[PDB]
Structures are given as structure tokens and as C-alpha cells.
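Only one chain is shown below, in C-alpha cells, and it's the form deposited in one PDB entry.
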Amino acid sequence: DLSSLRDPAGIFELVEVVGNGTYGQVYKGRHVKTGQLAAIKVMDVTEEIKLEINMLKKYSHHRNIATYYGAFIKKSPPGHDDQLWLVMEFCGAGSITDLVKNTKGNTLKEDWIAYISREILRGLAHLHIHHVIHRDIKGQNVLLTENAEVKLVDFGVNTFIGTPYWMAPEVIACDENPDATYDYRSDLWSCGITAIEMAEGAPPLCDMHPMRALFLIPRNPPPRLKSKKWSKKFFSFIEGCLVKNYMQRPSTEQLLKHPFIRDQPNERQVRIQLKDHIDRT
């Protein structure tokens, strides 16, 4: 398999690094013959894994998951590590973190949050039914197309630990919880924190040292929204996502049936406003 992946030369070229580090070596690439854009993840190969591809092949075809196109291996000196290119759907509008970052008052209107949270839960549902936990839901992994469509990137379940602010309490080992549990509901916690991140512009504990946030998440009560302006429905949704003990955290299906997620008599108008916002920048 791996040994049958062609050189990308003449097929995809790299344009530039996107996300300025949040994803590692992920480039905006273009399909040479057509000029269509693609995001390309570039890794030195030394690690039959090689199974990241099989995941992306089976599980990316859902509309809320960025589509896997294909893989290439670039011939490198005697002499030097070969590079593997993973080529994915390009999501032009960018991350939902960036959206809130660029909005005035670093906050999104509540029905934008309902729309987006639902899209994330839909992508997550697709992964969970196929027994896959994303394990790193956060606004930086939730992407937007020009079409104002919502797509999850960067899943699977390495040597560096990323940002801790969206991690569920249970996935953080401690004296009482020695073997740090990843359960599909962990993603639901992360989704709730992503909802707070959309409402306030940053996750709870954003002002802590990452290490101190890691210490605190399992020891703290569930985070709550700072302002009081939000609807009872949103408070309740956030509350559902952030059930401290995952054993009583609602399932993905249940949260999708939560009133805040289910009753959206503004989808059409909301989807148009996001379109409007994306273009205005």
C-alpha cells in the first residue's frame, strides 16, 4: 500500500502553511490540473501507520467531516526521510475560533451557536456510530467552507500534548482516575466548551497556564457562561454538555434531541448570515 502511493509532482503542489501552527505541517495546496484547493498534511515517514489513512478513508465521507481525497509519498534523498502527503478537503472560511476572534465583541449570536453546535454533534454522531472518538474537539478543529458549511478536521482514536482547555475531566489521569478514560462522551464535554468559546471568545480557564488548567479541570465544578443574557435553552444545553461525571453525561443522540439543538426555526436565515459574515472579511 504505502509503497504504491505516487509522487505528488504534477498532481498537487503546496501553496503555504495554514493555521500558523495550530495543525502542524498543514498546507493550503492546489490540484495542479484544475486549480482546485486542498489542504495537505505533510509528515516525515518513519511511523504501518498508515492507519490514519484507513480511518479517513472509511469515516470522512459525511458532510460534517472534511473529505479525504488521497495520499502521496514524495521521493527524498538516499539519505533522507520520505514525506507523506495527506490530501483533504479545503475549508476556505477557516475555523470557528477565528470567526469569533474576528467578530465584534468576540461573541456569536445564540442561533449561530445553535446551528454550529448541531453541525458538530452531527459530525460527532457519525464518528461515534462507527466507534470512533474524535478526542480533540475544539473551535480550531471545527472548520467553515465558503458555502458556510461546518466540517470536523483532525481526528483519530503522538508525542506532544496539545491545548488542554477543551479536555473532559475523565481523560485527565489523577490519583482517583489512574487510567485516563477516553469515552465518546468526552467529545461532548469538548463540544460544550466549544459552545462557551463561541459565546465568550475563549474557553473557561483561558487565562490559566495550560498546566494549571490541566490540574484544575478535574477538580472544578462544571464551567458556566459568564453573562446572564442567554436563553434558558442554551444554559441547559451547556449544562448537558458539561455534566461533570461522564457516566451521567447525555449521549450524542440525546444532545441532538436537546431543545436548543433541535428547535431551530432560523436555520435558513442563520445559514445566510454566516455566508454574509464570511464574505464581509
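Positions refer to the first chain, counted from 1. Throughout, rigid core stands for the largest set of C-alpha atoms superposing within 1.5 Å between the two forms. Compared with the form deposited in another entry:
Here the two forms are overlaid on the core, and between the two forms the C-alpha of 58 is the only one among 229, 63, 58, 226 to shift by 2 Å or more. Residue displacement note: residue 31 has its CA displaced by at least 2 Å between the two forms (rigid core superposed).
The Cα position of residue 183 differs by less than 2 Å between the two forms after fitting on the rigid core. If you fit the rigid core between the two forms, you'll see the Cα of residue 209 move by less than 2 angstroms.
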Contents of the next structure:
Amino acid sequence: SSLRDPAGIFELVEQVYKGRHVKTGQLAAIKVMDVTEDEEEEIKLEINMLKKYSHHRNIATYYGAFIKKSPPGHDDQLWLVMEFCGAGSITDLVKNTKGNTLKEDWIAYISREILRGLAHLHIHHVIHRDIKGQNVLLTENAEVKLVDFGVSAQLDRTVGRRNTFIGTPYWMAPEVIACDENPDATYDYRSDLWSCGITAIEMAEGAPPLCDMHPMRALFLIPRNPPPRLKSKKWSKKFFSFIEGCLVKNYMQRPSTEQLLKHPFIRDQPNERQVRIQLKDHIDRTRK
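Same protein, different form: I have the form deposited in one PDB entry, so give me the form deposited in another entry.
FYI, this one's just the chain on its own, none of its partners or other molecules.
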């Protein structure tokens, strides 16, 4: 809960860059930004607005914000430390997969791990705001963890030259997009649940719906088009039902994380331990 110097607490090794905790040598992921005196001041107020939530196995534990005072004359550097995850992102997992599609049991496993960590954030009144394949990471083992660099006050999005940027729209729920009949872009906890159904499609198809559009045409269509659907008809009735449960157009009628955690596609995973093995086996092969 303080913007301090990284000296002695954390050190970098060489946008996210690898680092280490100097005291135990424990690995770290350090997000690096460039801030002005005004942006460094804005981070101080936003750190006071941070909510308190405990450690979690499905969330890459947020350590803190530091200001690496350097260089004199140029812009200073803001560092955001978080738990280190080795096997990369779900996006990387799908890219480095045979048909750029995952097994339905792998998707069910990863979606439950996403929902588990989401449920953690939602009881502590925190919205993730950016659930997508690129922000779900895999540790050395088959552990599934949500990216967290101070998501309670969005410390990685409020400052820097890319803060004013609208961003990538493909995983945005209808309510977060301002349009005619939606003039106030309402981020709700249920917005992460739409993003989870879009992430599930990304696991099944390699890319989220509407990926073939220019980002501005996709942004216009997400609030107007009926809910996205899986292109293939191979998938089970449980998968279609889960996607249909997440991708409710009106968030007021979309279920909570708790209800989705009791959905048969997420709830009924008999091969849970076998799927957790072939995931770690995939990680092992990729390391070569």
C-alpha cells in the first residue's frame, strides 16, 4: 500500500519483463511502464483505492507498485510485481497446439479454474475487467492463474501512453461498450463472465468471435449482434449450454460466477486428474 523504491526488494533480470525477489531468489514477473511526475502522483491516490483480498491458487498473487527512480531528465519507470508463471498464457497454449483448438475437457478444466479465481475476486467486490486467453497463465506445473497487477484499481491501465487507448474489443461484454441505448459503459462483475464465455470460444477455435473484423467494426457489432456461437457442431450439448449461459446479451439476466460454477460442463469433470496430467505433459514437451 505504498509506492516505494525497488532497491533490495525486487530486481529485474534484463510490457512485462522477468525478474527476481532479492531475499529468497524467488522468481517474479515485473510489468514496466514510463511515468511523469503527474502520473506517479495519480498512482499514489489509486494505490489508496486498492481493495484488500487474500492470496489464491487461481490468481497470480499481486505483490506491489514500485518507482525505479531513473534516468535523470527523462521519464521515470513504474514497476508492477506479480507471481511468476512459467508455461505462458492460454493464448500461447492454443497457438502451440495441433489444430489450434483444445480438447473439450481441457476447455472445461481451464474455464472452471478461470471461474474459481473470478469467484474469489467477485466476493471481495473486485471486477477483473480483462479476462481473455492472454491474461490466464500456466505455472511450471498445470496450475491455472488469472493475471493480476493491481486489478482492484487497474494500476496497469490508468497510466502510461496507452491508458487513453480504447483497446482490443473482442472480449468486451455488451454493457462495457457505449452505444445508442447504452450511454454509460457499466463494468459489472457479470462482465467478466461474458469475457469467460468468449475465452472458452477462443480455446475451442484459436481466436475469439468476430476476429476477422477491423477492431472498430467489431466494437459496433458486439452490442448489436445476437450472442456469439461456436462455429462447429461437434461439441457437446454441455459446451453449447455453457457458452449460452455466459453469453447472455443483457447482464441483468446473465448468471453469477457461483451459478456458472454449478453448470454441468464446469461441475462434471470425471477426467479432472487425467486432464491435469496431459496439460503438464504438454508443458514439458514445449520446454524443449
